[PDB]
Structure formats: structure tokens, C-alpha cells
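Next comes just one chain, in C-alpha cells: the form solved without the DNA.
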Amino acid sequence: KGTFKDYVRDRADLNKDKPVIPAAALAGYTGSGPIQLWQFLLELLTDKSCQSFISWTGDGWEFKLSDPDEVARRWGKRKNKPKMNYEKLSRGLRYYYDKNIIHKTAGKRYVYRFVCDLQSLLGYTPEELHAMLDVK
């Protein structure tokens, strides 16, 4: 039976995984208001504890979805959309291909790549972050 003081202390000592690019903070910076799906993928991609169902392939801003539905799940629980499946999220990607935000690598299945200038936006180089995330 611990107090709030113990609760905070325990949280500071246990759950330790801060994404380098918080989708929320990013929406503020860019002033996009409501969190965007492409901004969310970045947060996950910048959060080690997510390298299970999503990570950088090592080639530039190229990333792959090891477990698509997982990203589709969290995305739903993050935007109060408990009705978010794998397709309702794969439809937003096409919109991203046309607006040239995210693309799909030829000769893959769930491999994608940011084609927008994230270096000038985020301030990080692809290779830089890869290191901060122990990318292999």
C-alpha cells in the first residue's frame, strides 16, 4: 500500500522508454494540431520498446512493419478509434504516397520509407537516430 510519492518514484525507476520524437510534441512544433498518422509512426520508430513490430531497416528513412496490426492497434487506442484495424490504416498510407510523405520500397511487402525532408524538420540525420536507437 504505497502513496503517490511511491507511485512516481516507482514509475521513474521502471517504465523507461521515451520516444525521441513524441508525435504530440511534433504536432505542436509543426502546428498540425491533431496528431497525424505519419507523426505517430515516427514516435514508434523512435521508441525502442516498439522495435518488435516496427523499426528502421538501416537504409535512410526506410522502415518496415514487422507486425502491421500492432501499429494499427496502438494507433486506434491512441486516437480513441477502437475500430481501427489493418485496412482502415493501410488506406491512409496511399494518401501519403500521393502527398509524397511516405513511400513503399519495390520488392517488399510492409517496407516503407519517408520521402519528405525529415532532416530539416526533425534536425536529426537518418544515421544519427539509427545510433540513438541501437539500430542494426
Given for the second form:
Protein chains: 2
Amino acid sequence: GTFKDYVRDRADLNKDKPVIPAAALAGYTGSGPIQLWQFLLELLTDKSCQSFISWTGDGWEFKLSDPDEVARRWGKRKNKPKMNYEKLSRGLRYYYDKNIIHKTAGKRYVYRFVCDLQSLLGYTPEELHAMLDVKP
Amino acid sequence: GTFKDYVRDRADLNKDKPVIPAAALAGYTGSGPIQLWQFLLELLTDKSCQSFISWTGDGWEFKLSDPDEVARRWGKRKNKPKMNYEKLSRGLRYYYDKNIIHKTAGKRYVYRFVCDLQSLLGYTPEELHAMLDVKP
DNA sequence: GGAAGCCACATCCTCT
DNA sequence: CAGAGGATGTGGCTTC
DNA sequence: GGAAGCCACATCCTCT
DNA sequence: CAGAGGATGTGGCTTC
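Structure of the form deposited with the DNA bound (previous: the form solved without the DNA):
Below is the entire complex, every chain and molecule, led by the chain shown above.
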């Protein structure tokens, strides 16, 4: 397998094509280092990540079906191997007061984007959900 | 402008489409952090970067038409704002002994990939030069 | 998890 | 500077 | 370039 | 744990 085949094979697994690349987003917003909410928003728009993180179908609500995986990847993106959902959730918890992301009380591993995503990605959650083939 | 527009606009400038993405290459080779030679290989395959870095038309030979720009970007990709051609060249000098890249004596800012790129990107420099519309 | 190494540079400097 | 390399130091990663 | 700040987490801990 | 937050500490970046 050459580089060509390595890229080709990942494409056939629907990887490397998130609609909202974190890196790009950070660039657009001028946030500098990639931020958590941004990273999640990248995953949530990359069809290949739908197995461990996805939109519930209700507005900007999403679920961390596989916390441990979401955590690993965020841990990798920030170069922090000890990263787990137990510290990552702390990150998200900070957002509550900064009204960026809120916790949906009662549902394990479910939060919701509360800020104005439509203006940032020019898409109503209904459209986005259709583009990713969001089930519910 | 929204993130959507920001993405399509850069797309119309032929950006964000390098044939040999550094990040991917690093993954394929399992090198871990992106390496200099790999970065340069990304730029050289991204049609939008042809103004400050490009193949001379002779095999794997290339030129840093705009050293200062090349240096800035590499400085950005590694998070090292003080990054210049004066230091970056050092990095390249280190490949001379590791037969990965050599200096073409006589031409200011011109070096040549000496390792086996054909096997890594399954392309003869002739083909690659055609895909980028390399002039000389 | 965890400490100990290994490697690519990032930095600085000296010559020519 | 541009272009060789030696002397250092450290961060991100592989390795016990 | 350069020193001083700011901000987003990464880490740890305590309850319920 | 999962999930709220307080108390800390530091790296990447913005700001004088």
C-alpha cells in the first residue's frame, strides 16, 4: 500500500471529510488553538464519526455515544494522552456559563449547542441533519 | 461571510487541496509529528502554493521562490512564530547526510528530493509535474 | 497508568 | 544574507 | 524582536 | 462513574 492507496482506503470509509473542520473553523473564528466545542462540531459533521458521536435529531442536540473514543481523539488533537471523558466533560461544563453548550438533563452523555450555530455554518439543524443522514 | 462561504471562497483560489497533505503523509509513514520534508511535499502538491514554492521541472528538484513565506507557514504548522528561512534551512541541511534532500549547488533556494518519492506517491516526477501544470 | 529514551527539529553561532 | 555544520534543549512519541 | 496578560482548557477533588 | 463546580497551573496567543 502506497500513500495513494492509504488515502483512497480511508475515503471509502468516509473519513477525512468533516463538513466543519475544526482547524478551518478555528481559522475562520480566529480562535487560534482548536477549542473543544469546535472539535466536537468537526466530528459531528464528519459522517465517519457517527458511531461514537452524533446529533440526536432535535436541533443542535448531540450525544457522545462513545465518550471514551471522543475523549481519546480530543486527547490526540491537543497532545494529551491522559485525556478522558472525565476531564473532557469538565471542558464542556465550563461552557454552561458561557452559553456555548448546555447539558440536556437526564440523558447520559447528551449536550446541546446553545450559541448561534446557524450564522456560523449557514445551515438550519434540519438541513445539516439531512446532509449527514441523521436518523432520528 | 459564514464558514460555508469561507470554505468555498478558498476553494475558488485552489487552496485546501494539496495532492500530498502533510498530515496524511505523516499518518501513512507513521512519523508522528509532521516533518519538514513532508510539509514541503505538501506545498509542492498544492496548486495554490506554486507562487512561493514549486518544482523546477527537473525530477524532484524544487525551489523556494519565496523563502520568507515558506518559512512563515512551516513556522505556523509547528507553532513557532520566530520561524524563518535562516532556521528552516538548517532543518533542510540535516537531510543532506540522511539522503532525503540535497542542495542544488549554484541556484539560490533550490534543493532536490533524493529519496524514493516514486514509491511513496506512486508517481513519476513527469506525471506529477503534469498534474500540477508545472511550467519548466 | 508510568518513567526513560530517541529524534527532529528550533535556536544560535562561526566561518567562507 | 546564503549556505555548511557543530553544540544545545526540548516537546511529542515510541519503548520498556 | 519582547515582556505581561488572557483564556481555554487539563488536572484533581468533593459531594450527591 | 456521571455530572456540578471550585481551586490550580500552564501553553499558545493576543496585546501593549
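So that the term is clear: the rigid core is the largest set of C-alpha atoms that superpose within 1.5 Å between two forms. Numbering follows the first chain given and starts at 1. Residues that one form lacks are left out of the comparison.
A movement of the C-alpha atom of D17 reaching 2 angstroms or beyond is seen between the two forms when the two forms are aligned on their rigid core.
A131 is not among the residues whose C-alpha shifts by 2 Å or more between the two forms once the rigid core is aligned; its shift stays under 2 Å.
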